[PDB]
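Single chain ahead, written as structure tokens, the form deposited in one PDB entry.
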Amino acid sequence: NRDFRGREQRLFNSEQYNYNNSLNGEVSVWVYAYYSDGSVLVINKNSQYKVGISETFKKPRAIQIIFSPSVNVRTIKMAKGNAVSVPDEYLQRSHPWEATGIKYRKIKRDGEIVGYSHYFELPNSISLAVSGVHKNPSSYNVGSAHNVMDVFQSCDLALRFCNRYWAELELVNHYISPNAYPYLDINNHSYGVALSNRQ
């Protein structure tokens, strides 16, 4: 226990894990749209407290939604609409979302959860929105009298990124891996970096 360099390295990584999972940290969502030409569109949003994406897609063959490990899985919500942005046939009969958390698989590296994935192939246009709330183990209510304005400001402060990659290989090499992001490729292989209590 006299290897201070070893101890600092472990603490360096754990701190990252734990900061992300605190209420001071990010919650992140990615939407991946897969096209028949093998290219992939990603939209990412990163924000405090809660985060979401809402976009319309020209026919993808498939969609993968990934959240960061800092999401509360139980609060995940998805509105998947038709070509005119109606969630369920007609507005009059539409619940504005489905709570799809049960369908999310854990993306794991070395036994650690690096994210959560929901993947679905499709049978024109879809409108798709997805939302999740940052984990909060604690009693402190972020939407209190005292903190609600900070949540309002987080809506302004959320950062969006959107790009198209020509191939999943390009996505893995130039997007997922440089940025320490979680991912699940078509061969069901998990990508990500485990940090908690690790060197």
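Throughout, rigid core stands for the largest set of C-alpha atoms superposing within 1.5 Å between the two forms. Numbering follows the first chain given and starts at 1. Shifts are known only where both forms have a C-alpha. What changes on going to the form deposited in another entry:
In the core-superposed comparison between these two forms, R74 has its Cα shifted by less than 2 Å. Comparing the forms between these two forms, the C-alpha position of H95 differs by 2 angstroms or more, with the core used for superposition. Taking the core as fixed, the parts between these two forms where three or more residues in a row have CA shifts of 2 Å or more are 19-23, 89-96.
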Second form
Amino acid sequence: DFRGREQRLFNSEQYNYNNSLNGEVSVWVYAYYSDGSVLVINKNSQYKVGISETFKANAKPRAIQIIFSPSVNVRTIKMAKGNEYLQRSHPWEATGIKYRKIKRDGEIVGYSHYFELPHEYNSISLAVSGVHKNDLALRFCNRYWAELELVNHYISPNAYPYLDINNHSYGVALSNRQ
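Could you present the same protein in the form deposited in another entry, rather than the form deposited in one PDB entry shown above?
Excluded here are partners and other molecules; the one chain stands alone.
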């Protein structure tokens, strides 16, 4: 069954994108707004990736989900967030330990850290960064009027990892699968 072997090999080489020499690593930051809309920023880079952005509004950001590709080393993830005197602030937190595996068919398709913002916030500025396990970054942003639209028009056609409000997992298991 060479057809079957070829199918597995082809899918495996696609999971193998997580062991690239070129060290590809992606991060997505999702901002969940009070009108139900979702703003997404995606950066893809090599070796390390981070995003630094502010999310303003009278629909205000209510929650953040950060998702990293499975090539990230979770132990290197750092996050800083702001608008409490700066001069008594923590400069960052090492948030790795809070990231959960997003799994499909027992394969890790990404890592997620999700946190709600207190109602007192009309904004967050946020920087997050991670380095891959062992300049040319492209950034994408968009807004979707609902999480269902995000899922149908962005997550699903790109086969991206995701976790929705119901904690449903999205992504495609590839390692040695047909």
